[PDB]
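Just one chain follows, in the form deposited without this ligand, and it is written as structure tokens.
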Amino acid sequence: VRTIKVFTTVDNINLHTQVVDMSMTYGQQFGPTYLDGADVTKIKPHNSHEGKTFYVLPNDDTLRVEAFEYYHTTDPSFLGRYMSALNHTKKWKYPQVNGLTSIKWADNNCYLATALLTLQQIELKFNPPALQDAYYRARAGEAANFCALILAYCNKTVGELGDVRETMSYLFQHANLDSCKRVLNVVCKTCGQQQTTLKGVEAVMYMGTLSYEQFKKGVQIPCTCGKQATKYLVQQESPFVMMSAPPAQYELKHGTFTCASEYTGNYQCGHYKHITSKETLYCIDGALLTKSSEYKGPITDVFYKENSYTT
């Protein structure tokens, strides 16, 4: 008898009119249902709910198409993981630190803070509208949705230990890096030499050394024959490159890199900070900011600006 009008959605843009019985739960009428992140599946409608938007799971073909077009995923648990994260990230704080949106420390989110600070310093466009829209809001300071999306895309829950390199890998997978190209040459004294071409995400990430100059000069790797072959960078076309390695004491010089991630800890427990090279070296640690003329610390990732390099 008693009803209210509400709207359901999967993208918070296209709304679907619903009339709900106030004597049954949302779950009985829609399946799993969320109100700005809060799980209301076992709740009966409130008068204050009239006219509000609820997220639901894509349970008919219209919602399936809308969800895929917005998120570029068909993982069945995606929307519930995104809402579950959002219920936490909407209570985090996003101070502006040295002109960049950061995140006040909470819930082991230090890896997200330094990923978010890095994105704001490299040229990158996302493909899913969900990330496009949310990143735009994050840049303006309202990063809760963007953080909850990163958690959902990376299959990490709030509180879980994250790795920055992994996280950037997922984000780059959803970015337009089609123009990026890398050419490598690997030289073995017994085996000869062999050139490789990498594209897309693989053309901007390297795991083994932090130094972009070292990568151009050559780095030693196993060869199949048993000896030490040498790999060096012969050509690069991309707006940035990311150089990563297991954390090691490393010296960062002002004006020689864009930004970097520092990791202190061990494989199951640690803390990331972000170092950015501007008019001096700034260390952003969530809401905290310090500066110094030189830097040395356990660095794990270094980002460098690029455009075209040929050897």
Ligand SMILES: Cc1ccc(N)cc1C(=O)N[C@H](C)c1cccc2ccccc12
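Residue numbers count along the first chain shown, from 1. Between two forms, the rigid core is the largest collection of C-alphas that superpose within 1.5 Å. Only residues modelled in both forms are compared. Compared with the form deposited with this ligand bound:
- When the two forms are superposed on their rigid core between the two forms, the C-alpha shift of 2 Å or more among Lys189, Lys104, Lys91, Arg139 belongs solely to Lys189.
- In sequence order, 188 to 191 is the sole run of at least 3 residues present in both forms whose Cα atoms shift by 2 Å or more between the two forms once the core is superposed.
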Given for the second form:
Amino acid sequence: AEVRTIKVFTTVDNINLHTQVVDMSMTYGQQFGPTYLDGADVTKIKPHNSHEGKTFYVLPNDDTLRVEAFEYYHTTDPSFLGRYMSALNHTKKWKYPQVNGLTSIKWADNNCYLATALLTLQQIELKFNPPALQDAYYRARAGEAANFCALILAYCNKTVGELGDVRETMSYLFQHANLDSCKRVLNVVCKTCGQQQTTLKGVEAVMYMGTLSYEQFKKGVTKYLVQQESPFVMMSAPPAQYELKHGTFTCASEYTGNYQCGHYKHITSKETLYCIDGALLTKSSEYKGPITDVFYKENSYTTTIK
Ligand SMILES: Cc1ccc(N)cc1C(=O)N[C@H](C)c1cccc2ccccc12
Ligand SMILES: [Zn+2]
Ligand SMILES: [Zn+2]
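With the form deposited without this ligand in hand, show me what the form deposited with this ligand bound looks like.
Okay, now the whole complex, with that chain kicking things off.
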């Protein structure tokens, strides 16, 4: 049989391309292990004349790719690239409309939690350690968030169509952001026992579960905030009917519904109050509803309590 070939580029990061020659009589799986073309799995398919020149992903089956891959994703999960492509295969069909000055995601495949989280990240100062996330966040800020959402699914071990928790997701991303300058000192007091002062750093320093109001946390829940050093704070608690006031907060997640089967919305404080429901938009001067996460910006705070 006539043995024909084409040339292609393989990569793990789409930053280093490595020219390959493929036998057209064999599937890519017989030459590259698993193989993808914008996420679509091409392991079981044989080369086409049109694939010549095009860039193909591969699993890091050789030391170069392993290095390239860790340097780019900051992970060694042997399944990461696969889960990123499969997700990407899906998130590329999503629409990412600009809603109220920000990138959003039209509802599809239970992505309400990804949308609310993508709106939140555009609004708080976050610097990602993995290049993959740095690169995809920057393209994402410009309405091309298909890769950003697909990497989030793969970093948070979720599959398209499953519902996630906003707070759990953001927690994952925080583990990949550079939040080392972040500190938190708490003081707790009893009139009989004593007082316990905790100090927290990093991810734990910007996240709290039990209250939605920063102001309450500075007065007392007796636990009170003594010092906080962070670009922002995330205040979280199980959904409770709550009232947000223009100007007192940056953003917030509304979780309507039941445990692991509800709907998420994002409220943002700009010149007025806006509800960003995926690709839908309402404005209002006040807002009340089932709120679970409030986000407040910050630089430095020190208490006056003694
Ligand atoms: C969407 C989702 C996916 C995975 C997991 N593990 C949880 C959730 C989820 O529903 N979280 C909301 C905010 C929630 C959190 C905490 C307590 C809650 C009690 C009652 C209702 C909602 C509650
Ligand atoms: Zn006591
Ligand atoms: Zn208490």
